[PDB]
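Mind looking over this structure? Questions follow.
Not every chain of the complex is shown here; the ones you see sit where they belong.
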Amino acid sequence: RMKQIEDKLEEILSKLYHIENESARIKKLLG
Amino acid sequence: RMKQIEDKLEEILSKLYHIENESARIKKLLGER
């Protein structure tokens, strides 16, 4: 139930961390 | 209900994979130009 939502949320945040590093990379590649 | 949640979380999820992809593309763009 709730464990299951959380667990998704833990995944989703992890995609969100990856998405930041990527943005961080692109800024560097830019200036 | 708890199943509308589940669908939306899967949808959040695909949208995440989609955006990793669009940004990877650009990173890769710039990574030659």
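Each chain gets a letter, A and B, in the order it is written, and its residues are counted from 1.
Here is the rule we go by: a residue touches a chain if its C-beta (ideal position, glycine included) is under 8 Å from a C-beta of that chain, and two chains touch if they have at least 3 such contacts.
Enquirer: For a quick check: 2 copies are placed, so what copy number does the complete complex reach in this file?
Expert: 4
One rule holds in what follows: only the chains that are shown with their structure count from here on.
Enquirer: Please tell me the distance, in whole Å, between the geometric centres of chain A and chain B computed from their C-alpha atoms.
Expert: Whole-Å distance between the two chain centres: 10.
Enquirer: Applying the document's contact rule, which stretches of chain B touch chain A when the two form their complex?
Expert: Those residues of chain B that touch chain A are 2, 5, 9, 12-13, 16-17, 19-20, 23-24, 26-27, 30-31.
Enquirer: Which residues, counting only chain A, touch chain B once they are in their complex?
Expert: 1, 5, 8, 11-12, 15-16, 18-19, 22-23, 25-26, 29-30
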